[PDB]
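One chain is shown next in structure tokens, namely the form deposited in one PDB entry.
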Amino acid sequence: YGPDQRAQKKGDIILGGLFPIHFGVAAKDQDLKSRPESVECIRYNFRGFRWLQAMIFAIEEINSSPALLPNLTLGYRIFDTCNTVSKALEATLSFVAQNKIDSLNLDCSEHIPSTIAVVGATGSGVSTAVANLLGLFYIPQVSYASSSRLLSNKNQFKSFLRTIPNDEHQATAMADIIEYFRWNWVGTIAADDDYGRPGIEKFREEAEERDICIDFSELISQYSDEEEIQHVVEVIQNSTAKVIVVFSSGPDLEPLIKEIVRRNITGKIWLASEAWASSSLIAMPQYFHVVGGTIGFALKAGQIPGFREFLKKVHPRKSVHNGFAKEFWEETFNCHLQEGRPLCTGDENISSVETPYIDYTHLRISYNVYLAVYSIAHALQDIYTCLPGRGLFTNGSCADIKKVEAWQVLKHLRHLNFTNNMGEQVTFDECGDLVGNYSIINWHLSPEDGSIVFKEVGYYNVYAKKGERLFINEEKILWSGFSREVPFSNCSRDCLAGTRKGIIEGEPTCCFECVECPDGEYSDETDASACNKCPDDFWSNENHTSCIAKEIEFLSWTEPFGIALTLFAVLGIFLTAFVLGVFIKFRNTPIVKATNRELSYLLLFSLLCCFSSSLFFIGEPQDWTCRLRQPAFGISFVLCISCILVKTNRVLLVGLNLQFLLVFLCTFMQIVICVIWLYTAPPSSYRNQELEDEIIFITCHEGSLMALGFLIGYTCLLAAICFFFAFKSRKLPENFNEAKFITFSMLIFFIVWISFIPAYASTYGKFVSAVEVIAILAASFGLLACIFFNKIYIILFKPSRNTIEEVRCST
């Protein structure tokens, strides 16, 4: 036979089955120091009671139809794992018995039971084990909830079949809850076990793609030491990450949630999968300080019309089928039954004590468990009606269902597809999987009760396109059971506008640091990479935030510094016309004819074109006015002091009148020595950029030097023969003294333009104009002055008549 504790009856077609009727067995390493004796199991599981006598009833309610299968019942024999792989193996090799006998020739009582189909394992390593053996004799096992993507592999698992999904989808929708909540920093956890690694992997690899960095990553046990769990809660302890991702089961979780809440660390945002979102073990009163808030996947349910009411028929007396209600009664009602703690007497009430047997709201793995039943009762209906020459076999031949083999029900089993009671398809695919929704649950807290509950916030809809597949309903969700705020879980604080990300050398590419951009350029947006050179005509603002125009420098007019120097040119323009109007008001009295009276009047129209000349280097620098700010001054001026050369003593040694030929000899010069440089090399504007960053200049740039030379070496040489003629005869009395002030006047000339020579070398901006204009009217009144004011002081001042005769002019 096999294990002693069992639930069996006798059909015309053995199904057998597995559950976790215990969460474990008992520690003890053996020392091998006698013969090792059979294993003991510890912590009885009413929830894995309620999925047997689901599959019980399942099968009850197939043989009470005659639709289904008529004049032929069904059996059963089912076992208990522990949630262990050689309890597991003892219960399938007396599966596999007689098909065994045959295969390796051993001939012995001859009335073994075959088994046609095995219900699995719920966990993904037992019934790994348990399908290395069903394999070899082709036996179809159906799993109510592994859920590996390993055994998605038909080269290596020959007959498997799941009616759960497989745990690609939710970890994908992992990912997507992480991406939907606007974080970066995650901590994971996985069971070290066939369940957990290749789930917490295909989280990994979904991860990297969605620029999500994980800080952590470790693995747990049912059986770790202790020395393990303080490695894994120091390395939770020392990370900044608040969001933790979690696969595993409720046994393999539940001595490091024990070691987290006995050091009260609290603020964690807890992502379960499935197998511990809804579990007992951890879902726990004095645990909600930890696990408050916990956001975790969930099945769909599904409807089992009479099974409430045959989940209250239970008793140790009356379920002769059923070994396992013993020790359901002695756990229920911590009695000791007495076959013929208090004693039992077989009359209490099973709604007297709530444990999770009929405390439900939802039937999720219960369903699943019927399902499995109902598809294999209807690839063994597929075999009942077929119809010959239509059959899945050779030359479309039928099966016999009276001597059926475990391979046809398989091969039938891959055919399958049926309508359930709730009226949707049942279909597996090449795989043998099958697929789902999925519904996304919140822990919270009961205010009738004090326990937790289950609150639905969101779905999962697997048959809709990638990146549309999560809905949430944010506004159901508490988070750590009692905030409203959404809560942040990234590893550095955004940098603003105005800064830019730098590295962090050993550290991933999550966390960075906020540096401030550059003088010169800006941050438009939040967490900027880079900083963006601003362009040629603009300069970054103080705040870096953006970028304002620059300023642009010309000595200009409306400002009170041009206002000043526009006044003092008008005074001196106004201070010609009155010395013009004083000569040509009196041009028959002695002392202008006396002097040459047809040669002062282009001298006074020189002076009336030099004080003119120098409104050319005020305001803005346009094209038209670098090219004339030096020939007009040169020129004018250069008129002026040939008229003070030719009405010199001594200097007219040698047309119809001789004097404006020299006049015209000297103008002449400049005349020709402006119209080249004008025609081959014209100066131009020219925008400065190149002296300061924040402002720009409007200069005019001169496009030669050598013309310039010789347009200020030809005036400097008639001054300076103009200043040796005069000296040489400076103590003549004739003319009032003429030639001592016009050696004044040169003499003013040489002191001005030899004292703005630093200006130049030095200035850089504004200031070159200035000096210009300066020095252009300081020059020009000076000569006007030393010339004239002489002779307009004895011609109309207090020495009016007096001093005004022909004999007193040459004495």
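Take the two forms, find the largest set of C-alpha atoms that superpose within 1.5 Å, and that set is the rigid core. Numbering follows the first chain given and starts at 1. Compared with the form deposited in another entry:
Put simply, after the core is superposed between the two forms, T566 is the one residue in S279, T566, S221, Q98 with a Cα shift of at least 2 angstroms.
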Second form
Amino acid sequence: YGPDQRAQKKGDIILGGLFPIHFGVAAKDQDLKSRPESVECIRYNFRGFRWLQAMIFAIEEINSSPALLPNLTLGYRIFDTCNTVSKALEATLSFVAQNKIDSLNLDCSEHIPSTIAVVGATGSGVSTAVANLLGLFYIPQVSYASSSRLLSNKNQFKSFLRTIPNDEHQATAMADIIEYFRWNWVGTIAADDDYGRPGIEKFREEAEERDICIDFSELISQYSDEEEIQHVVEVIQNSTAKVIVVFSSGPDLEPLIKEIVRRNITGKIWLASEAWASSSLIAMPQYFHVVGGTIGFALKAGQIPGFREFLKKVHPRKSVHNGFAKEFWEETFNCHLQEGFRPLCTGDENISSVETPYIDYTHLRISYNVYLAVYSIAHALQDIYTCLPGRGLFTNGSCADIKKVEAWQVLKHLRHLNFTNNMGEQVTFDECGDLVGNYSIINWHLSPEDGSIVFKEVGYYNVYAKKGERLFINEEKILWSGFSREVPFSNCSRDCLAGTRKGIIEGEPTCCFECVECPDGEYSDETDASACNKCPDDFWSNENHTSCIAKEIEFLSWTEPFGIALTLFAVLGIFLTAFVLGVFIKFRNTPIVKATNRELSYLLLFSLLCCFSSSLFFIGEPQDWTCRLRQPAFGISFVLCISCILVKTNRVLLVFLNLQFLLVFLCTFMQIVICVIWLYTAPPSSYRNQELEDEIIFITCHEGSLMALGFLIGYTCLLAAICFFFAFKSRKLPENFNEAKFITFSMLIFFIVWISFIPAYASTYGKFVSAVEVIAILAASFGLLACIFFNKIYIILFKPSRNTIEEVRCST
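What I would like now is the form deposited in another entry, since the data block earlier showed the form deposited in one PDB entry; can you produce it?
Left out here are the partners and the other molecules; the chain alone remains.
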């Protein structure tokens, strides 16, 4: 009536199931020279047998309780799929044998039992192929471990339900894990089925959202040959990425793991999915120098309060409704049962003496899914049983009949299901028939007692919280590759420090770059800069281009000690001129003072008080008003002083008011008219220039027109030359204590100071070019004050005042 090896028991209501008792089929090649024969399944799976026992224990538990489904019993027909689509299709063609006869009008035993619900398959290709056929007859299929997203399409899979979350949240969780430890450079490996490809595509979308670069991406399989495995290992070994993300199962990853262990490749960081993070085919001590320190996902554990004793009650003779117990007994103890080199089995053997994954578990993660997968169908049937007329889920509020139940009525009550389990948590299904739950994050260690691999919990993924606040990882429990508390470095290129930029594009992806220094006018202080940023105006870049600092303004100042030293030599001149004026005003109507002109000497001593005070326009910060008055002050004061010297000597002044006060006004007026035309045609101005150096701003003054500056100096030098020539011709003539000799000396000192000044102006730098124009004024101003006046002051004031000051003297 189907497959030979089966577990079945009769009752009023039949359920079906499909479990992996073997890992696969025998690898043989069909040459088709003869009739094809049925294939054999090779490797025994003990986890699958425990999952099968979960169904039987749940069904018997419901059969023993009068709270759930009174006066009604359950049966089962359970087969083996061997992780192959063909054997699953052979079993599910037996599930639909009665339903298909009525649809094909084939009209032969007529005693075929009916299946109203199936606890579905493990893999996601097997489940799709089963659901394709079960959807024709609306038979519900409650899978416990199929987690592909493609089964959430309710246009194609009308009657599919599951008790496991799908793989969108796990891909997003791996993206959060990679983003958490600050990595960019990864690689991906997938199985070539319906479980690997959507997980890798969702992870690729999530990683491309968060700027994570993928180096290599490969597909592997259980039946891939040797050349493909060698090519994948060459792809892995040619890469600098340490972090590798795997969506695969155990049987699909075991060839690649064995090949990587054979070449002994150490130092990779494996990120595991739910299928192989707890797999005993890969969690072996022999491989721990390759796969140590693996970080992986797990489901949430469950409590079945009587299950281990039921596992221990197994026996190959007392299990008459289980056809799978005999081979479990043979593979567990390595012997042979006599059919009613391997020795003969006896019934007196102990389950606890052999370490197999049948009772070596510490948690229940998929067996709890099988437990709820039976209890959901049981509460759907109970919801059918307890209905009151007029309040059903049908047209007129009518109710289905518990004596005559059809599969689509159970499907309709499974679409509206809300029941509380043994822990007090509520179980419902979505509009896509899904169920949601948390994840655990575990890490592979090495036991110090027996050397096996221990899965220690390091964190959780809480699916109910807001986006960005879901992952929790404790870093103090992670051992990277079984040791090495340092977090490993797994991004492409090392970061550029301050004063550099990411700079050069290469043709590689964005994660790989270089480091280039900034120019000499800009600043950059950040890790991984893409450009260099310009300083604001009147700022210049700091050394190493980390920050930007201010700029220094250079001018002659009032408070620096050189300016303080130059102010006192211009104050001393004023208080020496105001002493000569004091002696001249107090000691008037005396022969020396009255012998020459008294009124011209007052106008000469006022012009000297203007010549000393005209040097203070060259000290300080230049502005507009102190550069439009800087040159006319010197010009007018010196032409007034030189005119008063020239017109006073009286030898060729009156013999060739007064006629001598009118030769001063014209000579100063011809300079005033120049200084008015200059300021009303082309005025001087200030300037803040930055062109000599990039770190010093100089404050200088533009003089405007140079012709009006040439006239200003040429007229003064012309008048001093006329005075020098007219005073040189009277040096021997003694009159007023040999005055023309001292006038000649003063006009010589004026030209000596000018000729000494004209080298020094064109050879100095800023803040020192306004330092020569003060000493050039404060040398001529004492040279025109000493020679004319100090000899007469000595005769008037000191001891020659007894006899030398008289009208008899100062005549020869």
